[PDB]
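Engineer: With chain A held as given, fit chains B, C, D and E with the ligands onto it using these hints.
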Amino acid sequence: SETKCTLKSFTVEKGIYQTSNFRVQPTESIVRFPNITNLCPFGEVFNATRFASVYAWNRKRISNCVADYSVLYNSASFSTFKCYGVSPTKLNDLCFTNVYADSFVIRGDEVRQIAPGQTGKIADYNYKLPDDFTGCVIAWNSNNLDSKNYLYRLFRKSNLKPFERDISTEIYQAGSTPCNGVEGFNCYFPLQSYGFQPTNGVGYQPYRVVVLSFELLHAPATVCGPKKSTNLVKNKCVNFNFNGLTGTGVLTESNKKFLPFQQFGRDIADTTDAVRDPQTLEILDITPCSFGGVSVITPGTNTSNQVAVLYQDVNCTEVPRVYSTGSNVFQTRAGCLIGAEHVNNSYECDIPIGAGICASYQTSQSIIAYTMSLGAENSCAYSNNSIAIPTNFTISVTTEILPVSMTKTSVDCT
Amino acid sequence: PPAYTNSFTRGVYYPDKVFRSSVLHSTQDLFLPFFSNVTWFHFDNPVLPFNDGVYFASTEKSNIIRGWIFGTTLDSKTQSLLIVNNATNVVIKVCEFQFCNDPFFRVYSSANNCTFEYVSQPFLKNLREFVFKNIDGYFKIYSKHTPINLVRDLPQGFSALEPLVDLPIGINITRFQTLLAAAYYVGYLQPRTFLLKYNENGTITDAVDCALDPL
Amino acid sequence: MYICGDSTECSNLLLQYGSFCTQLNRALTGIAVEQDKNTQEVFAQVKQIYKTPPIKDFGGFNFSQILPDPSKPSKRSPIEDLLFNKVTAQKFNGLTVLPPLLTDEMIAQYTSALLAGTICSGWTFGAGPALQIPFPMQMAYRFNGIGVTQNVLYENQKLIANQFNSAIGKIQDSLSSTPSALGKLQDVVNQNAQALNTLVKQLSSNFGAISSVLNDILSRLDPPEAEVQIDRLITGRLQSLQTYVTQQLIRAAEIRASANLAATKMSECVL
Amino acid sequence: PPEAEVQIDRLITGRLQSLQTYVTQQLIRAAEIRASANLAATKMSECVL
Amino acid sequence: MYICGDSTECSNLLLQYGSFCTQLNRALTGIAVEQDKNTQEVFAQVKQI
Ligand SMILES: *[C@@H]1O[C@H](CO)[C@@H](O[C@@H]2O[C@H](CO)[C@@H](O[C@@H]3O[C@H](CO)[C@@H](O)[C@H](O)[C@@H]3O)[C@H](O)[C@H]2NC(C)=O)[C@H](O)[C@H]1NC(C)=O
Ligand SMILES: *[C@@H]1O[C@H](CO)[C@@H](O[C@@H]2O[C@H](CO)[C@@H](O)[C@H](O)[C@H]2NC(C)=O)[C@H](O)[C@H]1NC(C)=O
Ligand SMILES: *[C@@H]1O[C@H](CO)[C@@H](O[C@@H]2O[C@H](CO)[C@@H](O)[C@H](O)[C@H]2NC(C)=O)[C@H](O)[C@H]1NC(C)=O
Ligand SMILES: *[C@@H]1O[C@H](CO)[C@@H](O[C@@H]2O[C@H](CO)[C@@H](O)[C@H](O)[C@H]2NC(C)=O)[C@H](O)[C@H]1NC(C)=O
Ligand SMILES: *[C@@H]1O[C@H](CO)[C@@H](O[C@@H]2O[C@H](CO)[C@@H](O)[C@H](O)[C@H]2NC(C)=O)[C@H](O)[C@H]1NC(C)=O
Ligand SMILES: *[C@@H]1O[C@H](CO)[C@@H](O)[C@H](O)[C@H]1NC(C)=O
Ligand SMILES: *[C@@H]1O[C@H](CO)[C@@H](O)[C@H](O)[C@H]1NC(C)=O
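Here the protein sequences come in this chain order: A, B, C, D and E. For the first sequence, the residue numbers in my numbering are 1 to 414. For the second sequence, the residue numbers in my numbering are 415 to 629. For the third sequence, the residue numbers in my numbering are 630 to 900. For the fourth sequence, the residue numbers in my numbering are 901 to 949. For the fifth sequence, the residue numbers in my numbering are 950 to 998.
Treat the hints with care, as some may be off.
[Stated by the list, open to error] Now the in silico label distances, taken between C-beta atoms and shown as ranges:
(1) B:436 x D:936: 57 to 65 Å
(2) A:282 x C:798: 54 to 62 Å
(3) B:627 x A:94: 30 to 38 Å
(4) A:217 x C:857: 48 to 56 Å
(5) B:442 x A:130: 38 to 46 Å
(6) A:161 x C:641: 48 to 56 Å
(7) B:538 x A:130: 21 to 29 Å
(8) A:161 x B:442: 45 to 53 Å
(9) A:282 x E:975: 53 to 61 Å
Quick caveat, the hints were computed from the structure, so don't treat them as lab data. A virtual CB, placed ideally from N, CA and C, is assigned to each residue, including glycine.
This is chain A alone, in the form it adopts within the complex:
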């Protein structure tokens, strides 16, 4: 039926017809997510005993490393974790350039003032997050260890500039007095002092807030989550992702000798014939696992309806439609042939399979595969002083068909 449909006809003549192609599917994929590499020291900015205040932070400008947001996301040690417009898990996939962390302690209830969007009175004087902020803000009522110095901004007139560092503490009320006179009647220190003792309530307790604003994408990109590294599943058609090189094949053991700076193995044309895994630094030979062509050998439709199936360049074990590996399976140089019986007798070629192997319909009737015979085996009797003279003749009328012309066809292009 496949032969009938691929020819768009209800009747097929005798011969080999290529119906569809064959390809071994990949069993699995191999990435095996990467190393420890250089880790981002978020623990230093989180577990800081000498936590700073909101007027002056511990400005930690962190650079090329892997920041495992999943580590801080699967653990509920901190009270609240927020990250701008990104789920923490995918935070390990889509990455950025560099990060900057500011750590501070605030007074309880006013945790919501610090926000890229909605405003707050504290954010109007202490620290305002950028309007286009994209980072990670972690806040928790630590208390105990950091509770027993801690003074917070209370005297300003403009919101702090997006991503700005201000530590001003000059005494003034707003602008009304022409001369402030140090501390006249109301011009106290802008850094108002508060009680950070355990007796304080939840809304008046030290709240550790750390912002983790990462710079947007530029020409380089260094602070990225887990990517790279591989493994080995040898002698199997698999998908592999080797350091960004993605492809399907068999990763056999190889005797190649890469120089200790090369990873890929593109040899001749532009195909990758070898690879280096960045875990054991060994060389793996990439090979197309298996493919070929399914060909149907059929002795016509009028004669019979039985067929044989030939797979072009695959082994007889690699073939798994209906029955394709049980009995009547013969491995010739031209591939694996099923549905045909091997006969030692050599006849004239009927259906050319290849490499000297042909197939035919013969006895009930079946499909036989044999080695074609070059012709009748004549014995040549050379002998000097001996000749052979014909004593009779035959008048033979043979036929010779020769095409002369084809159908004249015109096409109106428009």
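Structural biologist: Positioned in the frame of chain A, the structure of chains B, C, D and E with the ligands alone reads:
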């Protein structure tokens, strides 16, 4: 010193990180032209541009520091790439620290918002070839140490110039300077097309510059 | 496989081009069948497989350099071995090399049968039953065919045999020392090897797209624009495949004219 | 009409490519048929005549 | 020079199409060499003047 000299067939690095066995591969990249005129600078510490790339060489084993001061303004206005070697480290600090008018850690006298600061093992008769380039914010350094007998200038040979280290930087280097009986050579990379011959080992044992002559 | 390597997104975009891929395959299959027909037409002229005589009393004619060598594993004459020595895991992108229907051992048997028929009978084995004749008498028929009388060979048999042996001996030296000795066959080999190399090297071209890898397009970009980039890649690779198929068709038409001349020279000069 | 000239362009390109492919294959087949006809004429002159 | 007449931008854009111009040049050079060989095959039969 405005003295010139012939670079012969030196100054060809590995354009990529791909193994190749008995493949004659044509690569279009910023290569040092064959038989080009490279400037021989003797002690001296001149100021030299960068343009597209820089080639460097050393002759004797005096080992007089030989750091580098790749910059773009070098006056505390933009990030500047400084490499300092002390026989134990290769400290690469990209930062806007203000180098004095005649640099020679007292090279600079300030500390700006210093970014990525890679530090690792040191890499620096004995010819010492270096190639520095920057394409898309990635500072690439290639190096090769080879033994030869000093006669007058760079010898006639072609070893490998294997790659050394790539750094993600993102700045632009439009100028550069050398840190320090000085004797070195400077060449300039050009966007040429080279036919590189690979042996069984994946080593570039020969090269042809397809602009030098009709042959 | 060549245009859209194991990418269902690309393969679905190749369905709207109709039977562009079912036609190149048909052309290539026709070319392969034509190559098989050429090989069978040149060599498989006579079907009777005459055996090489196990003697050397050919009137002084040597024939050792053209008759098959029984000692060596392959049953090939020294000249055939020299000619075979002179001429010099599957491919990744769906390119396969089907084996010829007539193996090199089978063609050698055809050549040996033709040689044995020529030595045995002469031209009579190609026009009916093979009628044996002594070789000195057969060469007197061929001398008689060029306007020279019979007695010229019989009275100069030793000299003619010596000249024949010397010429056949010098044939090997002339074949093994000329630089472009088997230049025609080597050019036939090289033209197809460079065509496949150029075809597979066209898979690393953008053709206007952002990248030459379908995985990069499918991952980096959204599906709506990945469709456009993949369509550009499809157009480029389909054009490359069409160019390869057309060039192979022209080259096969050129080769078929050389196989219709080798078959004519076999009938009119060997037979 | 402004947006109908981009799909029609794709149709035109595809149909032109199909026509060119057909014409090229027919030219090669016509060359083969011409060779066969030359052989037939040679056989008519040499053997029938 | 035919597709992109002395235009560097057009040449850079054409460089992305791979070895197409190289194939065309190779084919035309082969045609020219064959044309030179035809005359030698026809007229240069005997090389004694
Ligand atoms: C037909 O001609 C072939 C050569 O084309 C003759 O074979 C040659 O036989 C001679 C005599 O045996 C060999 O010469 C000697 O061979 C060995 C090995 O070198 C050694 O004894 C001597 O140094 C001397 O060279 C000669 O090598 C050999 N040639 C070949 C190619 O095998 C053959 O005898 C002739 N047939 C006849 C006369 O029936
Ligand atoms: C990444 O980690 C792997 C293991 O997960 C490291 O592979 C080591 O390779 C050496 C040989 O080079 C083996 O002897 C070790 O057993 C492996 N390590 C371990 C922990 O099993 C690999 O070096 C790491 N790559 C880095 C850090 O870049
Ligand atoms: C040559 O062969 C022909 C046949 O090809 C012989 O003629 C046959 O003779 C037999 C016996 O008399 C008859 O039965 C047949 O009918 C004849 N055939 C034809 C076609 O006429 C002929 O005898 C043979 N000649 C010699 C001299 O042996
Ligand atoms: C980065 O590259 C650009 C492009 O060349 C530089 O732009 C010009 O560079 C020259 C010399 O460096 C300056 O004198 C010009 O003023 C620049 N033109 C303008 C208007 O941008 C740029 O200077 C480089 N970056 C730095 C900081 O040197
Ligand atoms: C460079 O090539 C040489 C010569 O081919 C290599 O030396 C051979 O190495 C192989 C195994 O790689 C040994 O079987 C041979 O005995 C070696 N031959 C000699 C003469 O030493 C050499 O190893 C290669 N360099 C590498 C791989 O770094
Ligand atoms: C299996 O494949 C190998 C490697 O190609 C081949 O040598 C062998 O003959 C095949 N065996 C069978 C049983 O098909
Ligand atoms: C064909 O010959 C082989 C090899 O001797 C033998 O094993 C096999 O049984 C024979 N097959 C038949 C059908 O006679």
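Engineer: Determine for every hint whether it applies to the structure shown.
Structural biologist: Status of each hint after checking the structure:
Separation of residue 436 of chain B from residue 936 of chain D is about 46 Å and departs from the stated range, judged on CB atoms against 57 to 65 Å. At roughly 56 Å, the beta carbons of residue 282 of chain A and residue 798 of chain C sit within the given window of 54 to 62 Å. For the pair residue 627 of chain B and residue 94 of chain A, the supplied restraint of 30 to 38 Å is violated, since their beta-carbon distance comes to about 51 Å. Between residue 217 of chain A and residue 857 of chain C the C-beta distance comes to about 23 Å, which lies outside the given range of 48 to 56 Å.
For the pair residue 442 of chain B and residue 130 of chain A, the beta carbons lie near 43 Å from each other, so the given range of 38 to 46 Å is met. The hinted window of 48 to 56 Å between residue 161 of chain A and residue 641 of chain C holds, with their beta carbons roughly 52 Å apart. Checking the proposed 21 to 29 Å range against residue 538 of chain B and residue 130 of chain A shows it is violated: the Cβ atoms sit about 43 Å from each other. One distance hint, 45 to 53 Å for the beta-carbon pair residue 161 of chain A and residue 442 of chain B, holds here, with the actual separation near 47 Å.
Between residue 282 of chain A and residue 975 of chain E the C-beta distance comes to about 41 Å, which lies outside the given range of 53 to 61 Å.
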